[PDB]
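The chain below stands alone and is given in structure tokens; this is the form solved without the ligand.
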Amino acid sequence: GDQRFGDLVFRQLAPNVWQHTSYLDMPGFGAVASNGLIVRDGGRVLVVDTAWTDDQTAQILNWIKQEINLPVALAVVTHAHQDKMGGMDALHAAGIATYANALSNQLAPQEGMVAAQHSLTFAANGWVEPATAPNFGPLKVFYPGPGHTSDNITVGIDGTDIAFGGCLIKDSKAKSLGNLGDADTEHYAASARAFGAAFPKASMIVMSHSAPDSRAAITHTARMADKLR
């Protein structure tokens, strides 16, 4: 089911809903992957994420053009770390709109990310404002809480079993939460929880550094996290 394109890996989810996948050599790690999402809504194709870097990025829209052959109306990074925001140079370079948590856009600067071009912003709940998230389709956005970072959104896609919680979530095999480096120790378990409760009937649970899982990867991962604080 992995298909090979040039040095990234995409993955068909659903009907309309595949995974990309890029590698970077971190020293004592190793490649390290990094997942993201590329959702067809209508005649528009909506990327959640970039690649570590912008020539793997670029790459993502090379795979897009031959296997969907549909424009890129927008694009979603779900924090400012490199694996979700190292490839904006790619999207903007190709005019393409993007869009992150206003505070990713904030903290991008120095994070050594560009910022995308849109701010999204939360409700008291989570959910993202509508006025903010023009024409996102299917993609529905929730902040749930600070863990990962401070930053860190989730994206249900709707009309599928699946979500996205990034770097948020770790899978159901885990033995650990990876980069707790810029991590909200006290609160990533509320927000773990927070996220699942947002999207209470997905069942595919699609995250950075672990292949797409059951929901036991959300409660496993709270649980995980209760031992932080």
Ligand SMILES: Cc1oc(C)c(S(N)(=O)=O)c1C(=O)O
Second form
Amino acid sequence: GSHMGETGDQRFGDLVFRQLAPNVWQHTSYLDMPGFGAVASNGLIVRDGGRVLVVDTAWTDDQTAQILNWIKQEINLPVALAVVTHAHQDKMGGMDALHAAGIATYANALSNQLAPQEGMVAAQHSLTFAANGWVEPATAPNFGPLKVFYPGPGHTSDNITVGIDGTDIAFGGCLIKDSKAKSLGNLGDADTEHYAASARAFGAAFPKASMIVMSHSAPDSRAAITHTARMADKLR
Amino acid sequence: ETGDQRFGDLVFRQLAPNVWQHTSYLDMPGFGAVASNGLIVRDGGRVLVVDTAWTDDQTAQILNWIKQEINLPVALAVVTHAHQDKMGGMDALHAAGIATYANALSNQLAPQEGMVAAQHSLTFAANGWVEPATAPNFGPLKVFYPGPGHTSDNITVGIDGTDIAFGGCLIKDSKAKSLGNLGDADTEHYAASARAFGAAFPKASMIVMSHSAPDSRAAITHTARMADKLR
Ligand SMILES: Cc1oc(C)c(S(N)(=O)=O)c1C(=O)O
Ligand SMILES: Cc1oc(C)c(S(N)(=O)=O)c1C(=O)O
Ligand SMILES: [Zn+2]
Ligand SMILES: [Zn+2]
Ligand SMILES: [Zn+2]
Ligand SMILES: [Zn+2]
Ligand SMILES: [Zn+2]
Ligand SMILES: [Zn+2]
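Switching conditions: you have the form solved without the ligand, so give me the form solved in complex with the ligand.
Next comes the full complex, and the chain you just saw is listed first.
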């Protein structure tokens, strides 16, 4: 089962949406984490010609259905696919809303294999990766601007990252924490030996991205990557 | 030991008409000699190897025993994760012109683990089975990724047309008190991965593993019961 058991910001139900680029938005949803209260989780929405592509669900099915409603209102293009960046509640908790809506879903093969143990619904389709971390293109059909990179084990063994081609943006998901972070967040499923190398591999994979989007903080500069790697260095 | 054969530092045990276990040893601080096992499979007119020995020299001894005892070409080797017992001899396989295969993740981890990457990467479906285009002409070798356990990258191999499945370092002996080296292990998912190996090869009666002699299926259920205690 699951381990879980302001300017420019647009409120839409209990979610928040922020435009990051002409064709890119950040979605934000909240879940109350006993003791510490509201935990934000961010993902992305990308307009690619006549299609919308989603990175990560919200925490819940009901929140994820609200992402689809927001897309209908603000973009009014069909959602061609969603890719989720590992098998934890914040990234995959809303899979049923996507499947209910007939949306094709993608995850790391390992995320799909771990999903039952992690209390998640598996995506319909599985990404695989080359030894250099880049997605095998046959497993990323019509991903368009989404450039998927497996950096190595870090936050989880299955964590993947996504560059948005033709923009300044790369999405570190839960691997990367912001440059102000006092900790690496939830290390319950982390690989402490390989985390630092995986963070640095993400930086090297998207060497010119200037806006680093993350699950649990607002977008940051590239300093988030180096600061995260140096915090991870101390886990070894 | 009666019936076992020696070549240099290597010991070979015939498990089935076309299958041998190779065993090599390394002195580990405060542990004395640690055995590591792999497999040699005769597949008609060619030989397939599962896992290197600890070192290049030991791995060359495997290849020269194969020449002496079997006298068929070695077509390919599959190595079952990026640790020295399984991939320490990659340079000897490459020098001998043997095609090498490992989990893509093993190849990605190899530099950090001080190992040499294989020439080819295996990838796996969500159900754990190797994507067939990545494992061309593997003959009787059936490669399964059971999930993270002993390491994130550990893979397993069934030998079609035999009683044998190879758990590598994921599976420990049915009398074991411990799961051996957990330094790189996934404590949450280990038990499920061990059970997934059992379910992938449900008819295998001889379970070969890295650090103990062949056992029955009891090794799978005992490993899972030990791993349940890690959670
Ligand atoms: C801060 C935080 O809360 C949760 C619930 C997670 S995760 N993605 O590990 O579940 C994290 C994280 O660090 O990613
Ligand atoms: C007993 C043992 O010794 C070593 C050196 C290893 S491994 N494969 O983790 O390096 C193991 C193991 O448990 O696999
Ligand atoms: Zn997570
Ligand atoms: Zn997270
Ligand atoms: Zn977990
Ligand atoms: Zn090992
Ligand atoms: Zn081992
Ligand atoms: Zn290691």
